[PDB]
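Okay, so here's just one chain, in structure tokens, the form deposited without ligand 2HG.
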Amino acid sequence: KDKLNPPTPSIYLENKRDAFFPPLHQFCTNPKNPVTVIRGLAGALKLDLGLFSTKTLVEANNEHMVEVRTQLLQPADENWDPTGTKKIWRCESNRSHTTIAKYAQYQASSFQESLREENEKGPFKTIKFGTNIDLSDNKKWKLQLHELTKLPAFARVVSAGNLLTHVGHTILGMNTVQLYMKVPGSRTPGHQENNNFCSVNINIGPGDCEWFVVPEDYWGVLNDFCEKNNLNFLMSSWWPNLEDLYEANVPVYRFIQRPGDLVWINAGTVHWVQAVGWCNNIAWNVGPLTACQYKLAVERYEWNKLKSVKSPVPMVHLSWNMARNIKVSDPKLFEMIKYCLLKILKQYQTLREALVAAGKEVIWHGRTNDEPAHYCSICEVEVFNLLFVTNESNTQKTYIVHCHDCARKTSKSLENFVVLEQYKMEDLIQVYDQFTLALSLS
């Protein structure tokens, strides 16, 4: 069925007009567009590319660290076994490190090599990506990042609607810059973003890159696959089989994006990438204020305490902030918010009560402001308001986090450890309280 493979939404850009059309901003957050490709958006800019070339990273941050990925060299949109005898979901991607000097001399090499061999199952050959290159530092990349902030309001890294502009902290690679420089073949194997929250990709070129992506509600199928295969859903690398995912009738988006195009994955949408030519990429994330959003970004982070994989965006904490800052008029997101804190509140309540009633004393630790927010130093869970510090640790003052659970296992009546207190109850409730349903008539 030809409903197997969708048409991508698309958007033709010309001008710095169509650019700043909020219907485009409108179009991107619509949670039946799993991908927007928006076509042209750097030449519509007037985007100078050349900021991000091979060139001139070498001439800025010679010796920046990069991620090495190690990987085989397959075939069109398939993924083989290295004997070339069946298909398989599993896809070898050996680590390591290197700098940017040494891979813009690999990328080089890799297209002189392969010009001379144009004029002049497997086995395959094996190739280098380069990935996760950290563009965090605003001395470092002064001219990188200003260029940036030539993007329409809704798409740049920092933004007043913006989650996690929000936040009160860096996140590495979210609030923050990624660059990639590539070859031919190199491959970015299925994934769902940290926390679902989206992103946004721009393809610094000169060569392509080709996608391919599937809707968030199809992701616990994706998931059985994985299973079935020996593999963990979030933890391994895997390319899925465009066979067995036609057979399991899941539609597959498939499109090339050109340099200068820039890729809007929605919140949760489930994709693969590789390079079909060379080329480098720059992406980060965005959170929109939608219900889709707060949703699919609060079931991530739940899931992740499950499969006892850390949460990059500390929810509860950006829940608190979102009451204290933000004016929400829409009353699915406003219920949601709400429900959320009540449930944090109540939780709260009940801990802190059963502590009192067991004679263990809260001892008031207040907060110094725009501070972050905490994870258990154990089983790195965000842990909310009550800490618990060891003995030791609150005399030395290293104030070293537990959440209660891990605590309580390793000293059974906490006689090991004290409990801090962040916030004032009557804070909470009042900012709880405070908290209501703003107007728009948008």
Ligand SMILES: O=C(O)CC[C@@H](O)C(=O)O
Contents of the next structure:
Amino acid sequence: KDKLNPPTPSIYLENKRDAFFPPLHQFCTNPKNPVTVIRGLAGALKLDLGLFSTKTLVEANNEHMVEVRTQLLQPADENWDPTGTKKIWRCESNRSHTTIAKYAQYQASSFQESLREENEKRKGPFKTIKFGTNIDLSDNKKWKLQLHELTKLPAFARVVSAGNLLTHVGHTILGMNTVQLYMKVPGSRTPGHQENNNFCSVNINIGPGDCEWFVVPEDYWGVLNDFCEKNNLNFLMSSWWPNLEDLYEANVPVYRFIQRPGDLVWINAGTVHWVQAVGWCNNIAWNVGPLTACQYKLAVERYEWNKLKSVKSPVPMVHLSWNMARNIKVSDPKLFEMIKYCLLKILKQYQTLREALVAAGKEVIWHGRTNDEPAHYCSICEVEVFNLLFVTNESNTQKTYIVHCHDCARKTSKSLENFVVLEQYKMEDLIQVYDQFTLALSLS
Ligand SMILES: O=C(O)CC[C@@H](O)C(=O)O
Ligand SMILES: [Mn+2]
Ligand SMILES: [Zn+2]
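Since the one above is the form deposited without ligand 2HG, can you give the form deposited with ligand 2HG bound too?
In what comes next, the whole complex appears, and the chain from above leads the way.
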């Protein structure tokens, strides 16, 4: 079907009015639109993309760290096994580190070398390329002008905003509520994935070259998971590059489009995607969590799925949920009932655990909390741990407070005799937050 190669939801901006126009906000967050390409976004805002040029980055922080992925330069939209014999899903992507100055040097000489080849005139085997990924632009002192330029965006697409759930986490989640930079040469590939905890993603192409994007709606992610599992690949942890003929045969629709310099790509919640550089360019990206039932639901679902797959969730959805209930007036009936349900479950599980401890003669020690203290995770299994923290007798005495979850503490120490139980929140206070959390009226 042509329904298997659908058109890209695409908004064409001319000026600031178009960018700040509220139906643009609603369009991007509509669950029916897996991706929105906002064309001409930088131009409409007079964004200085030059602040993100390789030349400026070198001058700014030439020793800054870059995660290098070394890859094969693959043809078009395909991924071949190294012997050029068959198209496979697994892609080779070895990791090392470099600096902006060193990667910049390669980016520039790669282009000069391509110019000479174009002037030398005229299955693999395949050349090797390097992709500069995940460059951390969280330090406002090192990247003042860069980060300030992005406050010019409409609020819904900003790294920080009142309506961004990731703003409401209350602490830094690297690469999610902080900007990541990518420095690319032709063929630089970001393999298939969903965002961390299915949060939306915002990507701007700095240029000067284009990127090519591949997008599959969230509700087909199970199909791609089976493909991975049948191909001996971890959907969440392995590097894979879909066979478009496999997807077509399985009746999976694939959105496919070009992102030009200054185009902003909005990846909606849970949308599966992979990307390749067509030319030489940089990109900047971060996540955003719109206050919708769809975003919260997909975030919760991935959070729970990660536990089953023994994968850490970068977004602490328990911590977030209490912050939402404490600080956000929620007027969507569906969203409200989702949050209320989740808090009630947290609350009851917590009450059950606490009572089991008390009834077994285990003491619960009041530990309180520092405000804006990040969520905790289990030092062993990396699950989020909320309120009741399990700390060894020695870590307690040393006041290092190395957190464990209950299961891991119990597996270590059968009667928890090697652990103390630290309580960060009084129950009455949590019950109060829950009770005071009611549906706000909005006429919108
Ligand atoms: O630009 C890339 O290659 C990766 C970025 C993409 O995963 C995004 O979510 O913005
Ligand atoms: Mn992404
Ligand atoms: Zn654990």
